[PDB]
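> What follows is each chain in one-letter form.
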Amino acid sequence: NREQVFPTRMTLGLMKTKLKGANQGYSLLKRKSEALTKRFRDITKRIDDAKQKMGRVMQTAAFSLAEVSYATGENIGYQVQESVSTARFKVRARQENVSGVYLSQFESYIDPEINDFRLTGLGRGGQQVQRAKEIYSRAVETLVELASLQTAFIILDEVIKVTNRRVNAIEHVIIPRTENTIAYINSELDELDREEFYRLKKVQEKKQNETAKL
Amino acid sequence: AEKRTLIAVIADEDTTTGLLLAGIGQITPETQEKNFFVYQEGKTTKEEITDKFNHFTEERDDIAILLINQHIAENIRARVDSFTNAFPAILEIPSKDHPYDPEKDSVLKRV
Amino acid sequence: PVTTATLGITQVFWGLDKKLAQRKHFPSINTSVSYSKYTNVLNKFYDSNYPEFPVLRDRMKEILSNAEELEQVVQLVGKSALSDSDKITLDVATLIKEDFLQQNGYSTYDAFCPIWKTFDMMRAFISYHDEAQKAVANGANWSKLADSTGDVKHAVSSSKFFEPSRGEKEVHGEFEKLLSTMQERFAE
Numbered sequence: 004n005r006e007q008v009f010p011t012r013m014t015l016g017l018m019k020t021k022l023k024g025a026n027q028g029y030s031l032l033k034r035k036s037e038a039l040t041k042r043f044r045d046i047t048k049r050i051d052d053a054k055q056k057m058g059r060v061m062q063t064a065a066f067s068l069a070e071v072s073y074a075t076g077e078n079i080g081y082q083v084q085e086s087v088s089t090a091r092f093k094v095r096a097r098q099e100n101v102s103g104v105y106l107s108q109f110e111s112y113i114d115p116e117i118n119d120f121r122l123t124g125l126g127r128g129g130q131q132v133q134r135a136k137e138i139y140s141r142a143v144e145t146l147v148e149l150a151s152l153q154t155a156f157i158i159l160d161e162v163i164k165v166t167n168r169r170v171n172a173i174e175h176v177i178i179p180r181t182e183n184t185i186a187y188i189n190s191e192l193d194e195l196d197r198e199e200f201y202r203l204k205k206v207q208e209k210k211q212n213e214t215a216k217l
Numbered sequence: 002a003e004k005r006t007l008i009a010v011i012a013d014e015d016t017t018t019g020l021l022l023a024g025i026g027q028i029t030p031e032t033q034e035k036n037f038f039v040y041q042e043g044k045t046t047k048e049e050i051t052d053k054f055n056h057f058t059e060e061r062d063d064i065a066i067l068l069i070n071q072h073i074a075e076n077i078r079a080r081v082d083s084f085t086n087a088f089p090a091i092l093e094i095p096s097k098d099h100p101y102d103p104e105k106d107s108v109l110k111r112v
Numbered sequence: 426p427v428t429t430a431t432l433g434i435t436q437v438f439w440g441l442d443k444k445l446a447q448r449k450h451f452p453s454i455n456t457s458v459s460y461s462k463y464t465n466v467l468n469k470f471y472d473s474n475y476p477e478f479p480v481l482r483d484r485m486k487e488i489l490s491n492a493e494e495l496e497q498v499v500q501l502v503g504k505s506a507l508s509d510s511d512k513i514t515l516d517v518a519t520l521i522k523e524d525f526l527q528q529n530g531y532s533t534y535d536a537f538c539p540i541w542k543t544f545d546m547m548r549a550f551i552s553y554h555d556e557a558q559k560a561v562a563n564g565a566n567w568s569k570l571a572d573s574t575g576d577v578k579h580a581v582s583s584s585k586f587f588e589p590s591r592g593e594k595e596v597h598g599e600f601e602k603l604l605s606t607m608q609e610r611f612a613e
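If you read the protein sequences in the order shown, they are chains M, N and E.
Converting from the first sequence to the entry's author numbering requires adding 3 to each position, the first position being numbered 1.
Converting from the second sequence to the entry's author numbering requires adding 1 to each position, the first position being numbered 1.
Converting from the third sequence to the entry's author numbering requires adding 425 to each position, the first position being numbered 1.
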C-alpha cells in the first residue's frame with residue numbers, strides 16, 4: 004500500500020512531484036484512450052461497410068469468372084495454376100502514423116514482369132477472361148484495402164487495451180500507493196518535528212530551572 | 002516487413018482460380034511451393050487445412066494477407082481464433098453457395 | 426535551511442542537478458532551478474560588446490524549457506508520434522545538453538571557454554534550431570533532414586573543440602564559416 008521510501012523532506016518533495024506526474028499521465032492517457040477509441044469506433048464502422056462491399060464484390064467477380072469459364076468451355080483453373088510462376092500483385096506495407104500510433108496500412112503494388120494471363124492459349128472467350136481478370140484485380144484491390152483496415156483495427160485495439168490497462172493501473176494502484184506514501188511520509192515528518200519539539204521543550208525547562216536556581 | 006509483399010489464398014477451387022487469375026501469389030523457385038494453396042473444403046482434411054494455415058501464418062512466411070474462404074475457415078475456426086497476431090491479416094472471403102456471415106468473422110468478433 | 430536562507434540574499438544560483446551529476450555530465454548545473462538576477466543589469470555590456478547575446482540566451486533557455494516540458498510527456502507516453510517541430514526542438518535541446526552545456530573542465534580545448542567563443546557556439550546552435558524549424562515548415566520530413574544535415578550536426582557538435590588559443594579573430598572566422606556552411610546545407 005506504501006513504498007519503502009525513507010521519510011525525508013527531499014523524499015516527500017520527490018514523491019509529491021511523482022504524484023503530480025502520475026496524475027498528469029493519467030489524464031493524458033485517459034484522453035488518448037478516448038481519442039483512440041473514437042477512432043476505433045470509426046474503424047469498426049468502416050470495417051462493417053467494407054465487409055458488405057466485399058460480400059458484393061466477391062459475388063459479382065465470381066459471376067464474371069463463371070461467365071468467362073462458360074464462354075471458354077472449360078475451367079481456367081489449370082491455366083491459372085500453371086501461370087503462377089511470378090506474382091503480379093503485391094502489397095507493400097506502409098507505417099502510416101494515425102493519431103499517436105504507427106499503425107501499419109497496406110498499399111497494393113503491381114509489376115509488369117508477371118503480366119501473363121490464363122487466357123493465353125485458351126482459344127476461346129478471351130474477352131470474357133480479360134474482363135474476369137480485371138474484375139478480380141479490382142476485387143484484390145478492395146481486399147487489400149480491407150486488409151489494411153483490419154490490420155489497423157487490430158493494432159489500434161491492442162494499443163487501446165494497453166492504454167486503458169495503464170490508465171486503470173495508474174488510477175487504482177499508483178495514485179493510491181503514492182497517496183498513501185505521501186500520508187505516511189508526512190506523518191513521519193510530523194512525528195520527527197514533535198520529537199524535536201519535546202527535546203527543545205526539555206532543554207528550555209532545564210534552562211529555566213537553572214535560571215530560577217540562580 | 003519488406004519480405005511481406007505476398008498474398009496467400011486458402012479458399013475453394015473457384016475462388017483460388019479467380020484470385021490466381023488476378024495474380025496474387027508466386028511459386029517459390031527454392032521452396033517449390035506457391036501461395037495459391039488451392040484446397041477444397043470437402044477434399045483433403047481438416048488437419049491438412051490447419052497445417053497449411055499454420056505454415057502460411059507462421060514459419061516466417063512472406064504472406065501479407067491470408068485469404069481463407071468462410072466455408073474452409075469455419076472448419077479451422079479454432080486456429081483462426083488462435084491467430085491473434087496483428088499480421089498477417091486474415092479475411093473470410095465468401096464462397097459459392099456459402100455467403101460470408103458476420104458471426105463467422107474471427108477478427109470482427111474482437112469488437 | 427542554509428540554502429533556503431542563502432537564496433534570499435544571493436543574486437545568482439547554480440543549483441546542482443542530481444540527475445545530471447548521475448549521468449556524469451559536467452558541469453551538473455540544474456537549468457530549471459538556477460538563475461542569475463544580473464541578466465538585466467548586464468545588458469549594458471552585452472548590447473555594447475556582443476549585441477545578440479541576450480536574445481540567443483533567452484532562445485536557448487526557451488528551447489531547454491520546452492524540452493523539459495516535453496520530456497515528461499515523452500516519458501509518460503513513450504513518445505512515438507511527436508510532431509516534427511517538437512522532435513526538432515527535443516533533438517536540438519539534447520544536442521545542446523551534450524555539446525554546449527557539457528564541458529570537460531580538465532580537457533585542454535574546453536578548459537576555459539571565452540565569452541566570444543560561447544557567444545559563437547550559441548549562434549551556431551540557435552542557427553541549427555532555426556534551420557531545422559524552417560526545414561520542417563517547408564514540409565520536408567525531419568526523419569530525412571536528420572540524415573541530410575548529419576554533417577552540420579557533427580560540425581556544430583565538434584565546434585566545441587575549437588581551441589580558444591587560436592585567437593578571437595581566428596576562431597570567430599572559423600565559426601562564421603560553420604554558419605555559412607549551415608545556410609548552404611539548408612538546400613538539402
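Misleading hints may appear alongside valid ones.
[Unchecked claim] Straight-line distance between alpha carbons at most 35 Å, and here's what the computed DSBU-like set of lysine-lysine pairs gives:
id	chain 1	residue 1	chain 2	residue 2
1	E	559	M	33
2	M	56	N	35
3	E	522	E	594
4	E	469	E	504
5	N	35	N	110
6	E	486	M	35
7	M	23	E	594
8	M	41	E	504
9	M	19	M	164
10	M	33	E	594
11	M	54	N	44
12	M	33	E	443
13	E	444	M	164
14	M	19	M	48
15	M	164	N	53
16	E	594	M	48
17	N	35	M	41
18	E	594	E	504
19	N	105	N	44
20	N	44	M	41
21	N	44	M	164
22	E	444	E	569
[As the list claims (entries may be wrong)] Derived contacts from chain M toward chain N, CB cut-off under 10 Å, selection only:
id	residue
23	30
24	31
25	58
26	90
27	112
28	135
29	141
30	146
31	206
[As the list claims (entries may be wrong)] In silico negatives: residues of chain E with every beta carbon more than 12 Å from chain M:
id	residue
32	438
33	451
34	453
35	460
36	497
37	500
38	502
39	503
40	505
No wet-lab data here; the hints were simulated from the structure.
Note that CB positions come from ideal geometry on N, CA and C, so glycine has one too.
> The structure should be examined with respect to each hint, and the outcome stated for every one.
A quick look at each hint next to the structure:
no.	hint	verdict
1	559(E) - 33(M)	34 Å, holds
2	56(M) - 35(N)	28 Å, holds
3	522(E) - 594(E)	27 Å, holds
4	469(E) - 504(E)	42 Å, violated
5	35(N) - 110(N)	30 Å, holds
6	486(E) - 35(M)	30 Å, holds
7	23(M) - 594(E)	50 Å, violated
8	41(M) - 504(E)	21 Å, holds
9	19(M) - 164(M)	28 Å, holds
10	33(M) - 594(E)	57 Å, violated
11	54(M) - 44(N)	28 Å, holds
12	33(M) - 443(E)	32 Å, holds
13	444(E) - 164(M)	33 Å, holds
14	19(M) - 48(M)	43 Å, violated
15	164(M) - 53(N)	31 Å, holds
16	594(E) - 48(M)	68 Å, violated
17	35(N) - 41(M)	40 Å, violated
18	594(E) - 504(E)	43 Å, violated
19	105(N) - 44(N)	21 Å, holds
20	44(N) - 41(M)	44 Å, violated
21	44(N) - 164(M)	40 Å, violated
22	444(E) - 569(E)	32 Å, holds
23	30	27 Å, violated
24	31	25 Å, violated
25	58	5 Å, holds
26	90	4 Å, holds
27	112	7 Å, holds
28	135	6 Å, holds
29	141	9 Å, holds
30	146	6 Å, holds
31	206	70 Å, violated
32	438	17 Å, holds
33	451	22 Å, holds
34	453	17 Å, holds
35	460	19 Å, holds
36	497	6 Å, violated
37	500	8 Å, violated
38	502	6 Å, violated
39	503	8 Å, violated
40	505	6 Å, violated
Of the numbered hints stated above, those contradicted by the structure are hints 4, 7, 10, 14, 16, 17, 18, 20, 21, 23, 24, 31, 36, 37, 38, 39 and 40, listed in ascending order.
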